[PDB]
Amino acid sequence: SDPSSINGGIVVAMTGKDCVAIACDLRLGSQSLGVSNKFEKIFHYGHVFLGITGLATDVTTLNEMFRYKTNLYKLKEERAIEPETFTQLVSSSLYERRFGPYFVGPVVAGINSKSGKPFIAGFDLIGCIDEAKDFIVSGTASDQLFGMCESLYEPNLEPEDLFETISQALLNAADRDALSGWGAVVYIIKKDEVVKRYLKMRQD
Amino acid sequence: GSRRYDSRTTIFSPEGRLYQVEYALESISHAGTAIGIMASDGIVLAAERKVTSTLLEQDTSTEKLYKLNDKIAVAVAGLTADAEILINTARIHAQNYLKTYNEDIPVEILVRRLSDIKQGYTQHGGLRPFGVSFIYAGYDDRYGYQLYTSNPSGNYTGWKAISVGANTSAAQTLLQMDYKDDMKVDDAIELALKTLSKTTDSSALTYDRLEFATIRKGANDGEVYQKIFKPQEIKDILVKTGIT
Amino acid sequence: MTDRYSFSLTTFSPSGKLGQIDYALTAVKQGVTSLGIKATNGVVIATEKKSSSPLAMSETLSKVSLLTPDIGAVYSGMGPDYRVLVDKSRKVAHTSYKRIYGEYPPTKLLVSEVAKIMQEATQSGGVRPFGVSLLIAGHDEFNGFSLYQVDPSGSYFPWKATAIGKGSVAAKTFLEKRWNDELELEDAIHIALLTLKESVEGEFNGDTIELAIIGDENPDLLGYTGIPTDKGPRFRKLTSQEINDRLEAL
Amino acid sequence: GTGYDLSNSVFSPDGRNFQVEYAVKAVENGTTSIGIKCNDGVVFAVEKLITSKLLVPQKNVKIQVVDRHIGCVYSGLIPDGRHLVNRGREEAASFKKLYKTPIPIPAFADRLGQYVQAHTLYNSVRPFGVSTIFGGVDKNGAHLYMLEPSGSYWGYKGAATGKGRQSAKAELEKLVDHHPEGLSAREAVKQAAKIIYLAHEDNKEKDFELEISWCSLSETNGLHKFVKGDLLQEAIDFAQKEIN
Amino acid sequence: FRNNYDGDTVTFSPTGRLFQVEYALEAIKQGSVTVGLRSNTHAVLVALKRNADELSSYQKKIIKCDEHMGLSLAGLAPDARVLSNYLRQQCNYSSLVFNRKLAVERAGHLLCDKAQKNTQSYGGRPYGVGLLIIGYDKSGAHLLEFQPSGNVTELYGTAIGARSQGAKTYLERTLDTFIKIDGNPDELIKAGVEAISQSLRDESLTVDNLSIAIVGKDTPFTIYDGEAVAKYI
Amino acid sequence: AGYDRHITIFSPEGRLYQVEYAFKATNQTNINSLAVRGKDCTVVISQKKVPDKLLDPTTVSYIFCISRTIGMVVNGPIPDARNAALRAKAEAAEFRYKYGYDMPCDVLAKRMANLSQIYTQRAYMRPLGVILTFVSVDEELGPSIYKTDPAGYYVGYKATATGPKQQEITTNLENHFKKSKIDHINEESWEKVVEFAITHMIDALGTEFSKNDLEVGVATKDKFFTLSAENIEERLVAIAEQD
Amino acid sequence: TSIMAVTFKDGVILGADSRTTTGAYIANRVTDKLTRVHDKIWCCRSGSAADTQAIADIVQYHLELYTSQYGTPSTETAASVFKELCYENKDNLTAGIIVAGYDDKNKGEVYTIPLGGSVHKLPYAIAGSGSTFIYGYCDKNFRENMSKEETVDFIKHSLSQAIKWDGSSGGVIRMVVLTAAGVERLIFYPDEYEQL
Amino acid sequence: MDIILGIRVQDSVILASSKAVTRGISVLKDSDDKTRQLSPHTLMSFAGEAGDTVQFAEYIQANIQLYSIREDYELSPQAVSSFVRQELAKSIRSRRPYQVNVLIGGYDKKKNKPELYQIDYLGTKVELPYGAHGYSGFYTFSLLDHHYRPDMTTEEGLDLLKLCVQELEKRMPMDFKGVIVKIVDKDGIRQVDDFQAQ
Amino acid sequence: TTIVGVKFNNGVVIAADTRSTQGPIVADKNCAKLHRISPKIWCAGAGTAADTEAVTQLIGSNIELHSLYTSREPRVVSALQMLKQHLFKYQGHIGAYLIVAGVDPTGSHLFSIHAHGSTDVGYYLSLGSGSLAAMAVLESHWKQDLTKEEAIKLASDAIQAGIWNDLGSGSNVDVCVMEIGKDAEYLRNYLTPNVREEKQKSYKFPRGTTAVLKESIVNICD
Ligand SMILES: [Mg+2]
Ligand SMILES: [Mg+2]
Ligand SMILES: [Mg+2]
Ligand SMILES: [Mg+2]
Ligand SMILES: [Mg+2]
Ligand SMILES: [Mg+2]
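Protein chains in written order, with the deposited numbering: chain I, -8 to -1, 1 to 36, 38 to 105, 105A to 105C, 106 to 122, 122A, 123 to 179, 181 to 194; chain B, 4 to 63, 63A, 64 to 144, 144A, 145 to 200, 202 to 204, 204A to 204B, 205 to 216, 216A to 216B, 217 to 218, 218C to 218D, 219, 219E, 220 to 239; chain A, 4 to 102, 102A, 103 to 147, 147A, 148 to 200, 202 to 209, 209A, 210 to 217, 217A to 217B, 217D to 217P, 218 to 236; chain F, 5 to 180, 180A to 180F, 184 to 199, 201 to 206, 206B to 206C, 207 to 218, 218A to 218C, 219 to 241; chain E, 4 to 60, 63 to 180, 180A to 180F, 183 to 204, 206 to 207, 207B to 207E, 210 to 233; chain G, 6 to 34, 34A, 35 to 143, 143A, 144 to 179, 179A to 179E, 180A to 180D, 184, 184G to 184H, 184M, 186 to 218, 220 to 240; chain N, 1 to 70, 72 to 92, 94 to 105, 105A to 105B, 106 to 181, 183 to 187, 187A to 187J; chain J, -1, 1 to 90, 90A to 90B, 91 to 105, 105A to 105C, 106 to 181, 183 to 193; chain H, 1 to 91, 93 to 105, 105A, 106 to 187, 189 to 223.
FYI, nobody ran anything at the bench for these hints, they're computed from the structure. Hints may be right or wrong, so weigh each one.
[Claimed, not checked] Result set (SDA-like, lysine to any residue): computed pairs, CA atoms no more than 20 Å apart in a straight line:
hint	chain 1	residue 1	chain 2	residue 2
1	G	220	N	69
2	F	101	N	67
3	E	231	E	206
4	A	94	H	64
With the sequences and hints as input, model every part of the structure.
What follows is the structure, given as structure tokens:
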């Protein structure tokens, strides 16, 4: 019945020195039954990334919705949408369904192409926006992530370092959660390039 | 009564012709000429601008060539405003098809949809049609490079090279004269320019009076690149061809 | 009862002309001059205040209107049609943009939105087109500065400088000589002032000129302090005195 | 040019609304009816053309009550008047339902006015072909009124309309000039019968049936009631008497 | 003139006339004749029915509205159907909701208001039929005449349709006599038939030709056609 | 086509004749009015002409009390005038309810103009043949006078006049203001401003007035009211001992 | 909430406490539950704050419009509007309101509109949670045609008791005097009413 | 519940579905086909609430058939599924959601690769080597997790399905009356008429 | 959440804490609870996070448009009447509890609005889980005729009461002073008394600690 606990999954993004990183687990199941070992939850429209945890059907639906919305935007405005802006789009798009929400917990991460400052944010299922300087966590293992992050985190880490951190944060938080895990993916984000690495992790 | 002031925009003449469509097609023939040429590795859209001046800003201008989606574009001939309306709706249908099937929309599907909206204004409603005609240049997995055209009646057809707006007959003849099935983009460009050159109702074909676009499927990539020529680039290609 | 006028009132004539549209454009020709000149670091839009009586108070009428804190509009045509175009323009800047992205629309898009409103009056059932033409000037973080004209057909175009209404042709010509791509805003204001002088028949001073600009950010106009992102509105209406100080430097 | 009179909301070059004006003629072609305000009420009377002996005496009633304290009488297109009264009735109820007190005459009047005026704002309705004299007694006195097809209405010391209009107003003016004190409803009833009788001369061809009704703060309690029996003959007599 | 002002019911002529309404009244004149007349105890309707060929039926001209009310039509039949139905409904409502037989006078007021809408409204069309309504109620016998202009009148008697003026003058003299035919239905009927005879020219009223209806004190609105009207010629 | 003179659509010269014919309708009554601003009041005077002896004189006015603070005078036929009053009232009430403060004069005006602009653009609506003069003493702007017309134009005046003899009164007033140089009668009491008003209407229309020939309306801080035949007389007497 | 309205020879006075609670917390101890819907037509509010504010706000509007159009509204009419809203919307409102106003012909008047939306005109009325306690006192100490001074007392004593016993009442006692003389605003502090 | 399994081998997709339709205390039919051909290279199996089941399937059929005609082309399997997902995802928030779960197996003629998609009544879709709806998954996923290999032949897949079927008959409480197997490959769709005993 | 408003001699100031919670977990250690409705009209909100922001943006928008349409500075009673009427329409489903204050042409104002649409006016108010700790303080130290300086303290302390004694509040204090003549001043993070102490160790993992399977580059442009 709790829409937010049927499929399972987690997402977390942090900010480093001229970088951000966002990672997620690959699981998709139906309660106890693990069904898919290949379900990614991080998406990107241009250089803006959005990870979504929650009811898989809604995760998929909102991605589709944001692709559409981002695409049109690009045609009218003639430039790729920015993180600060996308965040507002997500927020409003969520609040639009205030009394029959999408059971999700989105996370936005990216680097403003103009100013270059790293940016990340998270939202509740109805649009409350939480813009933070350190990290954003979401999913069934939110508590665990909040635990790993709060401790493991420290300001201005370089890309190569942030990777380890975000990874250990995700990895260990997942292992204390039944509904998450089954593989993980991390995105290291820099102005110029973005790297995607898959992690070896307990497959239980 | 109210009827008293109704023009009956959707009626047939005693000859079985739709007045307003006919009269809109007329409006269109007074509009700048747009040309689309379909190659074996690209498609070219070129357009001649109407309403110019020393003061008009051509840099940040795009009054004839619009991007419908990453793989499709249109050249317009007619009321620039009437056009935008259709274009905005065409842009959405592209995205709707994407959301629904998770595949880019097939050029003809986009086209047919637009044309059906036009036909509507033709058969019911009591409103004036749109004084617009498009040439669509797009690419897709099923047919590849495609060039089509639609007009106020809502009829559409496909071409290897075509033109719309003023001096169609002239440009068409010229097109039928030098176009050949196994052409090349860089060549189609020239032809397009040439054609505009011999139909222009102005002195010389200067960059500031043109809009140019090509849809190329570069060999070293795979994705269909849509490039809307920037003023400087128009001037350049205009020089290469020789009009100067 | 009920608006039974469900058919277009603007149709196609056998020559391809949209009558009501050409006509509205005539109404535009008959209206007072307004112009806009774009500089490298600003834009100015100006017009004359055709006081319809010395008993009427000129100040209680803004021919130049703020659409957003970074975009302004001026016209030439049937004033009322404008006023309501402003209302709708200000409202749509919110409904289709601030209420969705949390930032004001960029000029071209807001223009595009106004434009659409007008086009619809060229096709919808039961309405006559708008008897106005507008010059909208603004600035936005990504496109810099811009000036646009929108006609009753709904067509719109970007200008380096221009004029509309009564003395349009002459002024369009005057601007073409004076203008260049290295003008600082003061110079354009000046040029605007000159170009405007030539159209103006009688009195010429800050009590008959309405000139507004789109330039640097003005924190002193914000009304609050403490937030380092909203640097302040870039649209400023010149005061009577500010105009005179440049008039007395003819 | 012309044609300014084929549509109801059109303003002529002189700023007139011809349809409203033709409506008036329809009125002028109708029976006379008047209203005399008095010291504490209003009386209404109307001429009733006896088209034939086949018409059942005293049955085709023309004066109408709105609510319980308002009398309405009109000349012209009878149905149009009925239409106006039905709305009059609905408007009173709406007012009573929300405010409890029955509708004040001035209020009632404006209500009728705004309805008629509305019928001169669109070309999909024709103005009313009646003038209505109506009024009654409320919280503060008597009120007599007259409404024209244009929607105009004002308060009257006496009022008349229809073919006998002029002779009636003539008499009415006599009364106002001679009795500045006011008139007892008892007298008004008589005088009404007179004015009607005299007003019948402008149509001296067909026999007529007299109809009176009153609303008086002391003779009918402030309620609209028709004049019947004893009280009716007295006036018919006083009338047939002063005719010579 | 006319040709510009008769285009619809929402246009007044410069004289203050409504041409569409007037044209409507004309179809009534084109229709067959019917007479209505009442005493103090009964009300009768006699109507000349009109055939098309000697090979067809004679269009029914009388309709029963309730057990106490009915009418005869002259003009466009469809329109009478539509109007009788309405009178049928209003009669029903009175019964169901108030357990009250609809007053003929009110039946009148209701019809008038129904027609009037089509005579001030765009694209509508006046009704093209006149009606002779009869009924017995709490206040005795009644006869009402309805015209598409919206005018409804109560009379001791009358007739409408082509040549109607014949019987109309007849009754107009015959009044003092018929208004006293109380308690003798068959007589009133005769008076009605006689009346109807005054608007004849074609051929004498026959079995397939006549239609009579009667309502009264102890007589429910009943339709007599053909075989039964034999005795009244 | 040639119907462009029937519905509010443009003519080839770019004009709306129905709008223009509407302006001509405004003069059908033959009443002139003017309004001037005091130091802290606003007065409007309008002639009152009661021709018929069978009319109740107290029921004839083109002055309407819109809200506790706003007063309006109409130059136009009565049925279109009242139609405009009702709506003004309705708008003022709705404004208070939704926004929490009394609707300002200029705002009521603008709103009223906007409605007019709409009849100017939609075929089915006919403009109303009336000019509306709104007066009050705005809590934020001082005494005010805003006028709107069938074209949907509205603006603020130092003082204004309207009617067939608009220009006569206008020029007389314009001259008074060129003389004083200020934008309002420099008087403390509204009773005096009412005087000035009537005075100048006389000096310009070249006519003398009785108490049943005028209709006066004044607007002070937190109230607008119409004068009684008697209050007017007190004004008529105060002037007939000066001139 | 503790409210009442008492008519007297010169007009009528409306009295009320000034407490608003969310359960047992005192949200506001200085509330004004005496609200004007017209110059001389006021109402005492008891029940939901929102509901009553909402209702009052609307009645004011309807009355304002009434004024502009047909002049000064009677108290009875003020009541009818209230009744209309309260009755027609009974399933969604928790509002018991007392309407009182002064008029030249009718002198002072009080109408009580209880929960069902019924309307009752009475010499005086009391309502609000604390009212139950004073049914006795008020029925014993109320006489007609009292004087301003007397009436002010009766209200002051009645409400003081109500405030004493009911925990949902308290604060200060506000009154509103409505007579030809106009409109006066009275207030009485605890340190005065408590030891009466 | 009814059984719905699907297994994508190297050159085909095999869907196996139980033949029983039970209502209350009795098995009404033992030969039901819980499948509809969406297009000549796309088959969809379904399971769920009584009527919704066939109703949903036939509806999606109609729509895909219509498209095929209007465009004289065959949507890719990926296309049909997304379409299907959207019809479900929109249904979950309707008045009476379609309570159906489907497996879509199609052979993509363009990519020349077989595909199997699992989508539940919520519009939860995912692409897999093999999948199942209901309780069946609860035994088969582990079984297939062990015996499956990506390069299996169609025959090998059939044998693997067999295993899946035998385990289900051994441990599931309901007698589902066997399954109907179907193979979707380059040449279309064919029903293995010999699975009741192979 | 803990919010207050205290009117002073020539204005009104408001403050609020900066903690947001998803149950017993701290979602945001520093969210902004003060919202600009118009330049000189601010609102402090508590209740459902998104509702307070949504209802605030919405009414702020419509307020901006009313200003432009009337050529006048916005008035608090307008924001007050609009908020109230919106909230009331929603029968409490929009869980917005707000203290709306600011200066306008008519003076300085201070009101409070509850999610069901009832409004209050007072010289000092507080709302939120911390409403009691704050009000306690307010009822202890308020007096009439406070200086801008005194009010700021009063408000600040009250918020501190909440931060300390209410688990439903925390982190920092934000203030917005709206003085009659001057431009409204927003003092974001006026006070920051809950700074986390320096960590004992650093968990900078030596690079290579994490096991990667496959590595690839992402394409970000078109
Ligand atoms: Mg969680
Ligand atoms: Mg786990
Ligand atoms: Mg007259
Ligand atoms: Mg119009
Ligand atoms: Mg019209
Ligand atoms: Mg107590």
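Evaluated hints:
For a cut-off of 20 Å, the pair hint linking residue 220(G) to residue 69(N) stands: about 16 Å separates their Cα positions. Restraint check for residue 101(F) and residue 67(N): the C-alpha separation of about 17 Å stays at or below 20 Å, so the hint holds. Among the hinted pairs, residue 231(E) with residue 206(E) is consistent with the structure: their alpha-carbon atoms are about 14 Å apart, no more than 20 Å. As the CA atoms of residue 94(A) and residue 64(H) are separated by approximately 10 Å, the hinted pair is consistent with the 20 Å bound.
Hint check: no violations occur; every hint is consistent with the structure.
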